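Only one chain comes next, encoded as structure tokens, the form deposited in one PDB entry.
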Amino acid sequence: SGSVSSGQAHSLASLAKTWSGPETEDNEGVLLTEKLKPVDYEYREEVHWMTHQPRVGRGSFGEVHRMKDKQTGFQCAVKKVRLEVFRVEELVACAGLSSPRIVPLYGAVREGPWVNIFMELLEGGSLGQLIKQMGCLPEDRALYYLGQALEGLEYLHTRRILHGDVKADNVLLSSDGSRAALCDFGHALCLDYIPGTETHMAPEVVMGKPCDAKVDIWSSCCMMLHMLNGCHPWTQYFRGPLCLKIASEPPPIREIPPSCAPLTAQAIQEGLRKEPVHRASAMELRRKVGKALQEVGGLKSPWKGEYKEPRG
């Protein structure tokens, strides 16, 4: 027996809130696309759907896999999360939102102490995977992707939603590399913040100050440094715990490659102001990034091909 239904995002959000003892096989959830089909109110791994192939990635609180609905044959992505680490915000924050810059959820189904979150599969892979493959990305492609991420952030921030862990591993690419989109709202907050990836955390985060949407802007510029250098900020200069260094050192603008053009360096600096009051908004930074991209001649580099040496 189970209570898995087909429905809309608001219904899934209401159920998710009830997910927040002895481990059960309780099966409940809401599927948001007709391509994933409950069978007699159940939807269970190995019975109605299955994972296959190597891991597709790591996500917040759980691993991400390719999966297939056994009946429909539909392929999508799934993140499996233990119930005790599941954050409800992942299934509430984007309920009723739709943007080309946000990867759509396909639903979520609990099975005992596991929550399975379903999402559109993007064959282009993550931006993190691209950086690893290519060593690092040229300035024009980096600006192009940062701009699209910022477009997604504008959409969220106007709705008082913090993404909470903006980084290359959480930005997915279309099959031809032309479109980037934010995914993974495990650290999201509808404006207590649960910090994301240490290297990308803003000073106000490590200082335990009230966090707002500016946290995502600092993260996005750490992601920009990652694209450009091929490594996360701080890591090549510092050793152990980074929290005190983030709070105390100058913002990591020394990691901007000397080859970057003036508007590029300026944009990164504005997104990395230590005091969030002085830090650019998504709206502001997106405009600056667009001008920076125009000033280097627009997007010209092919999305793959030439390995570029990262900073050693």
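Positions refer to the first chain, counted from 1. In this text, rigid core is short for the largest set of C-alphas that superpose within 1.5 Å between two forms. Residues that one form lacks are left out of the comparison. Compared with the form deposited in another entry:
- Superposed on the rigid core, the two forms differ between these two forms by 2 Å or more at the C-alpha of one listed residue only; from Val56, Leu31, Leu263, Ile256 that residue is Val56.
- Taking a Cα shift of 2 Å or more after superposition on the rigid core as the cut-off, the stretches of three or more consecutive residues that move between these two forms are 53-62, 93-96, 192-194.
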The other form holds:
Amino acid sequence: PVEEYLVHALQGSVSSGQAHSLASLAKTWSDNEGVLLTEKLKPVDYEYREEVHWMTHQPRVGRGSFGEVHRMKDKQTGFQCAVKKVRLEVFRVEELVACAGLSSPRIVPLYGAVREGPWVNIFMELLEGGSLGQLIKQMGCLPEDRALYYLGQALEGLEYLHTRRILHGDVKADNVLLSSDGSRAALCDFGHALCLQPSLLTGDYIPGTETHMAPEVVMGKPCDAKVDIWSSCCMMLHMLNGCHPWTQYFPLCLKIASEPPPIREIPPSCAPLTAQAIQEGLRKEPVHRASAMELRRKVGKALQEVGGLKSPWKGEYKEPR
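For comparison with the form deposited in one PDB entry, would you give the structure of this protein in the form deposited in another entry?
Chain only, nothing else included.
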């Protein structure tokens, strides 16, 4: 009953608010209105406008697949964070729902969201360590312990999301952001996230990366939280081999469905439990594929089996396969 009246109060203004107000106002987005969740980003006179109240850091250095993410500063408060540009006509509410109110160290925090014309500008913490993707390119590929370390932390975040019935949708190195010392990893890019109730390829849907895509998704079978696990394992392989699965050998959605899972790419010098863990996460049938909780525990043991985390965050470059 009153829900309709609260949406109207939030519309037309940019206000200091809480995650539940942001979520309900955002559902409408699917002229300058929005909700900011921290005092570090304050509106001025019912407004928060680009280049007036907030400034992109100069010169513009983009991050993200589309160069949509930028460093920025609140002109009033001097606080700095990141902002993701989403075209308004293609905005998806699930992106914010899947990080709004969520409070987890393995998930990047949401600072707010403000519509301005054709843009939804979404604010979030700035992480200086860059993405796991940028790391893999810098180092070439990661040692076995570092890879297990990060994979587990991603799985910790996937546990959190899955408990809340949230599919991430596009898990990969580029969507894992690292702290300035490399000891913490967080998930990012919830643009493909999907609320679940205890398939995907129907209409207003944009899917994840081809190389990390699970067979059920490819063949249009029904889908659940397990697709994140498949992707996370394809990410593990990307970490170990310095390149995506299947790219050194093959029109890639054809081969995912027909061929066996890419267990061959598991490097041979890897200890038995590392390889064994990767394999439980690359079971073609969702039923036999490991859950998040299960894999995380296995990956943790695998790390323990290999002496724990010993390699430095940025050691020597290591040539890929």
